[PDB]
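Engineer: Chain by chain, the residues run as shown.
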Amino acid sequence: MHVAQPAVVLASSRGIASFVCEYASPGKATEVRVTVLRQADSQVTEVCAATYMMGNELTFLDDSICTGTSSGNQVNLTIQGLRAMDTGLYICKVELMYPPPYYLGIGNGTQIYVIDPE
Amino acid sequence: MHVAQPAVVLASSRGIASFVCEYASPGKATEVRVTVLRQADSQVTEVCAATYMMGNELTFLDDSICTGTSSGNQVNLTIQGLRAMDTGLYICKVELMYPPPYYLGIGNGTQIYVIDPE
Amino acid sequence: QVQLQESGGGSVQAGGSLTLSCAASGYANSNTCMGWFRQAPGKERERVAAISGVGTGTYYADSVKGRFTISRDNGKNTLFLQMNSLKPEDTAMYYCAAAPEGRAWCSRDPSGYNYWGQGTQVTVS
Amino acid sequence: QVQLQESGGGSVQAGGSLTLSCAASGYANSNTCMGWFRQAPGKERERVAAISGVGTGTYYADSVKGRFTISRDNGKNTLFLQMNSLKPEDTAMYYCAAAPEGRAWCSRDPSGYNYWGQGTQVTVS
Ligand SMILES: *[C@@H]1O[C@H](CO[C@@H]2O[C@@H](C)[C@@H](O)[C@@H](O)[C@@H]2O)[C@@H](O)[C@H](O)[C@H]1NC(C)=O
Ligand SMILES: *[C@@H]1O[C@H](CO[C@@H]2O[C@@H](C)[C@@H](O)[C@@H](O)[C@@H]2O)[C@@H](O)[C@H](O)[C@H]1NC(C)=O
Ligand SMILES: *[C@@H]1O[C@H](CO)[C@@H](O)[C@H](O)[C@H]1NC(C)=O
Ligand code: NA
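Protein chains in written order, with PDB author numbering: chain A, 3 to 120; chain G, 3 to 120; chain B, 1 to 125; chain H, 1 to 125.
Calculated directly from the structure, the hints in this document are not laboratory data.
EDC-like mimics (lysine to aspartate or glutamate), calculated; alpha carbons at most 16 Å apart, straight line:
| # | chain 1 | residue 1 | chain 2 | residue 2 |
| --- | --- | --- | --- | --- |
| 1 | B | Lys43 | B | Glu89 |
| 2 | H | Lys43 | H | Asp109 |
| 3 | A | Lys95 | A | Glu33 |
| 4 | G | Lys95 | B | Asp109 |
| 5 | B | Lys76 | B | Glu101 |
| 6 | A | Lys30 | H | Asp109 |
Based on the sequences and whatever the hints tell you, model everything.
Structural biologist: As structure tokens, then:
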């Protein structure tokens, strides 16, 4: 599956970084699971995960730094409370969970740059 | 979340092993995802996954050895084509996916014992 | 494998203060959610607090909201629970937990934590 | 990491037989779904056959149902595709795939397979 997202995004002084994550849905999917994987220092870190039902708003799995809202066949993710050390490649994994068949999409990733104020 | 399932189940000569997996649903959940995790030799193996929907019959994710039918707030799982080497602890992970909030349940696990005929 | 060991627990007077430590060891990925759970005599383990594996993100129970604080040292080796304004209801067996290595986001149910510490008792008069 | 390498492919006459091998190496969890995909000139990769990571569970495409058979050796090191009654339409570039380590159930779409082999050509006159 094809998954497109911004190549680079700058985090604000507060430490908030928003980025879109659109996917070319082949079938008429109802359930979609968007998962944010942070890749840095040759290790993967599952930042957050959310389930998007087509006719309803995006819901994130319990407590995470991620917020956002869905719109058709794309999601506007918003990562909060970022610092300098969090700077890495934020890969956007999409999965069409229901109905069958199962489709997997992994984007190139959004390199979110962060710096600490004073 | 509380998830109950048989402690031990014996697989038939053909290699079929059925077991129930009931869960104490706190809220009025419509979508529920039952996942069979086989734990053996200090490693987890995702055997299969089924999405219970309100208005539909239990639907397994693409092709698996698992079949079964839902009945209210429980599922009767049926694992087929098992052999001696498959013998392990079949843990039954339940997730209330929709509507919010998200609930996770993981049972103690059903130790399925299997024997090869001659 | 990851191994957690608690310390700094004990009995104190009501309206007092304590600081629980949980020295975490043997991490492949140190960007993992850690949390604190307490178990009263008979009742099940409820989550008091939990911190995100990535960035600053603390999450608390309403029962201890404002009075308790969860924090991590620079190296992410030791997890702390700053306990202030201790009430008799806070009396329980406190456990420090960790999510599966790599899982930054924090489960509310204790079923979503793989690694646990032996536990430490906290009594409040 | 897991690495797959095909063998036993080649050109044959119509109504002939071939046996493709796929030597899998570097498994942490060997109980993982493996399958065979074929790609015709221009057209996308369609799944021909796939076997479950846990238990005996083979799944085939209607186009090759009864004529093709997928099998695994005792050690789960080598994956085989027993191809019989080869028709001109079977002519394609055959790839052996594997699901994410631990994923026993088999995806129908090739997107649900992480590890792929370099490939092997099969021609039918
Ligand atoms: C993505 O959304 C950003 C703002 O967040 C949204 O609006 C606020 C008020 C809350 O309702 C929050 O839950 C929403 O996620 C925007 O700043 C940003 O421009 C949006 N991105 C695009 C491309 O439009
Ligand atoms: C659990 O299910 C077992 C097998 O399921 C039955 O056969 C399959 C092929 C389907 O037709 C399904 O609808 C049937 O229910 C039963 O042998 C077993 O009795 C069931 N156990 C319980 C406790 O319900
Ligand atoms: C799981 O095992 C525990 C023992 O630690 C026991 O208390 C509990 O009743 C068991 N749960 C089920 C559903 O059998
Ligand atoms: Na899954």
